[PDB]
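Assemble the whole structure, with the sequences as input and the hints as a guide.
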Amino acid sequence: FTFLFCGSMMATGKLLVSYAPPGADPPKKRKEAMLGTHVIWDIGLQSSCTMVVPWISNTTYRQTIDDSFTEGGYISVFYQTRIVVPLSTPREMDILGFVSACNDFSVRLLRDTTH
Amino acid sequence: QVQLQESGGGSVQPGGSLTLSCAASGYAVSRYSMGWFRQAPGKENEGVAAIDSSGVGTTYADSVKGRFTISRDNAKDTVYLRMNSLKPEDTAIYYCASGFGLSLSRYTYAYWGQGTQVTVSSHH
Amino acid sequence: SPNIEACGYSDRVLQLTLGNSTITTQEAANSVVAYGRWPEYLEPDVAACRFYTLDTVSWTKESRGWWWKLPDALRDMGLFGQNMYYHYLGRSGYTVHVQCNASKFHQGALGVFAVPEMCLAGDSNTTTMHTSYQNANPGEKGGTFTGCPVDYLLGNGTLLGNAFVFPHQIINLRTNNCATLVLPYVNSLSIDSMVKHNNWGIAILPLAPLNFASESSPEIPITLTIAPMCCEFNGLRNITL
Amino acid sequence: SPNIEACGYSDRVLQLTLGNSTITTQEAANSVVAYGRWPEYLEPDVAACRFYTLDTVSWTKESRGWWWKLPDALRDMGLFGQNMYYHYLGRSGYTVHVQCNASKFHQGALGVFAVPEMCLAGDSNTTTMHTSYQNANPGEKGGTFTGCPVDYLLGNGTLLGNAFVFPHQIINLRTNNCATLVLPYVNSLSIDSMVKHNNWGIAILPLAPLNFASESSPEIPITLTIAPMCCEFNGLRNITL
Amino acid sequence: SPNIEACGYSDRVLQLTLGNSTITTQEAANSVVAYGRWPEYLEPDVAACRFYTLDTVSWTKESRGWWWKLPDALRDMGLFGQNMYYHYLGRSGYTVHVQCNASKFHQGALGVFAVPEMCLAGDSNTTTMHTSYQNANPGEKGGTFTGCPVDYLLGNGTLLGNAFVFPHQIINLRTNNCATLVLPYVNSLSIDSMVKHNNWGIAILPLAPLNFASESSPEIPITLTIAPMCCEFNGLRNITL
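Residue numbers (the working numbering), protein chains in the order written: chain E, 404 to 518; chain V, 207 to 330; chain L, 25 to 265; chain A, 25 to 265; chain B, 25 to 265.
No lab work stands behind these hints: they were computed from the structure. There may be inaccurate statements among the hints.
Claimed, not checked - Computed, partial: chain A to chain E, Cβ under 10 Å:
| id | residue |
| --- | --- |
| 1 | 36 |
| 2 | 74 |
| 3 | 110 |
| 4 | 235 |
| 5 | 238 |
Ideal Cβ positions, reconstructed from N, Cα and C, are used throughout, including at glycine.
Structure follows, in structure tokens:
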């Protein structure tokens, strides 16, 4: 998971993107999210941030089907601090998110659907 | 996948109340939680109430704190929005959605709804 | 199957000390490897690989038997219970050690069976599992057979007499006071969820009835000590608290 | 896809001078080759292989986007427009250079997508082309998306979010002021008619909205300079006049 | 005392990744060793020696300051809090890292003082300690000075101006956005009780007042990340639960 910050250069603050392995309750407080695999993404320094989701799972091949509650990581950003703003910027900016597999990513049993 | 219908929406009165509800599909509401967003006409989505299913602990927005209530029944597959002491601003396009949990945050909710309109100050 | 004849009484006391824990085995010799395979690797290591003693159960003339589940039993045991609960994964072997002491005046024979995937009584093959997560998982106190596991059917629809197909030892009061079973990790997968699936099934049933002379101890006690061997868990997940 | 972080502000100014033309690039570094292939050969050469600047367009809070066609855009550009028009054939690569300047006080992100065979909005798959030769070919002034190309459907029936499959760069106001795309000739044939068929599709859409502090420039400008690379045309035909 | 002049703005971002944790320091350079001594040895090791972030506090024009205690602060932090609580002993060094970000438009100066045996306000020399175990130990949220620690008396009966005798750095908004303090274990004993005695005292006071231009952020935030270094505890005691 890569995130590109699209906010006014002159602004700063700190964010924390976090992961939480299969099964665990969605970490609702920073303090919780802070415990799992996570990176502190400084807005000021680098606009982009890549946080790889390791392959932490039971079976050799993780089920790609619609299961009851398959697990299943948890990528989520948190207000480490609260956004610092320069003089008079619109104060509201966005971030975009990108996802991609890795060279160690595979698939089997060609299934389908079309209508 | 899951298509939960927003029920209980109607035009009431200032100082009044109104019960809202959303029935599950695709899954049993019990795993995902459920909440409500009142996107006031011409303004952004506005968080009001959220509650976790398999771990009941409610969260309210400060603009509606104390007055507004939210409850759940995982057995009837429905989520119960109790809006109390309703006022003229409380006239918005209400919405129910399912997320993780239980955290009024513009999103962090998956499947939404159709939009039920509660016109509190219906009388002038 | 276990037609051995060590000595009979007691010779030498050699105590196993694995970390903080310390057993003083009857001897140590007369140990059975399950299928001839020692446990192996595919993080509290030597700190978490130490024998924890479960609760002591009372063997009386009317006992029907007892059963336990692994990992399940040791779910409350310090370092092993924790790494088990704070991980989605986990595989591990075990050194099961069942001690049954008496005298030159008691008699009977206990069969210590180690059964992989030991599903218990619910003839519903059109659906195993059945008994709620809590019932099937009695943890450390263990479950009991009855004349709900039926003793002669080893509580699974198969006549006891054949239970000797699974690795096992027989504690025979006149010969040995201990049974030792090194059980490697047995499952359909490389590594799986420890909380959901039970690897083995420790079964102890009266193969011969207990008999004491005139008046002595109205009943005798049996003890199970279990040691995790080559335990790994993936991946450092939540640390909730 | 374009997760880079050059420096941030400005370091060194290195000007590209190709013939009569002269750009003074922000730097020069941070250039993306489309599919990892530089343009190549299968006659004004160095005289015709020079960057021509198209018209400057105004980016405002309400902008939906813009689009251009190649060769089409550069159909009015001196030596390249001529050899293009006086030949039945023609193939050629391009160095697309999109400059978007502001300050340390503006914000937003522009996506410069280079789409091969970028057919535009006419869900009529039972018939593409549709829009008269003149509409589909707006030349140098370029065409605009709308909330007739629909922005989030990249005006072709495919959700914008996936547009990142085509080669592209993202001009992010806080990082870079320029995007550079070396695009080789992409077509079903060795060489084809330049007048009839459009090789590429330069697309620029507001991936993030434009925001300026208090009161500054009500809008900012963006510029596209395009340079033909390895251009050949067959065969010295008519010279009408 | 800290009369340095690194660069001024920002140069290079070098992220410290110690285990599961990941800080992306402003740079990394400009670090002060307390008394010129790195922490050293006289068991979760690399697993427990990772920077844990405390709660973020709000610095406003009226702020009087803040204070924390070590080990105390990090008493709730996973692996370090546990080994701390399940041991009668414990000694350990710390890498204190205080980050204070703003712009080229804010102004002021924060003094990050690291005071050994920082007893706080209770002029009762005929008896220090005073303030109940709970008051003196505010854990992670930290305590605040007032115009009960008095700011100019560094809340201990000694004029602030001299606080520069203890190791410290000054976060000066125009120069650095970070302060880094490697603090070794300082006590009257080789190793002592972590629960009862507080080794250090992290103090942060407004040495210069905060001032922002026209209208911007009404207040700015400061953050403290603390990392245990060379932590040992004796002896594997109780594992209650």
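Legend entry - Restraint outcome when residue 238 of chain A is required to lie within 10 Å of chain E by C-beta distance: 4 Å, holds
Legend entry - Proposed interface contact between residue 36 of chain A and chain E, which counts if any beta carbon pair is under 10 Å: Violated, about 20 Å.
Legend entry - Interface hint outcome for residue 110 of chain A [beta carbon to chain E under 10 Å]: 45 Å, violated
Inset, instruction - Mind checking the CB of residue 74 of chain A against every CB in chain E and telling me if the closest is under 10 Å? - result: With Cβ-Cβ at 34 Å, over 10 Å, it is violated.
Inset, instruction - Would you check whether residue 235 of chain A satisfies its interface hint, that is, whether its CB is within less than 10 Å of any CB in chain E? - result: At 4 Å from the nearest chain E Cβ, residue 235 of chain A passes the 10 Å test, so the hint holds.
Of the numbered hints given earlier, the model fails hints 1, 2, 3; all others are met.
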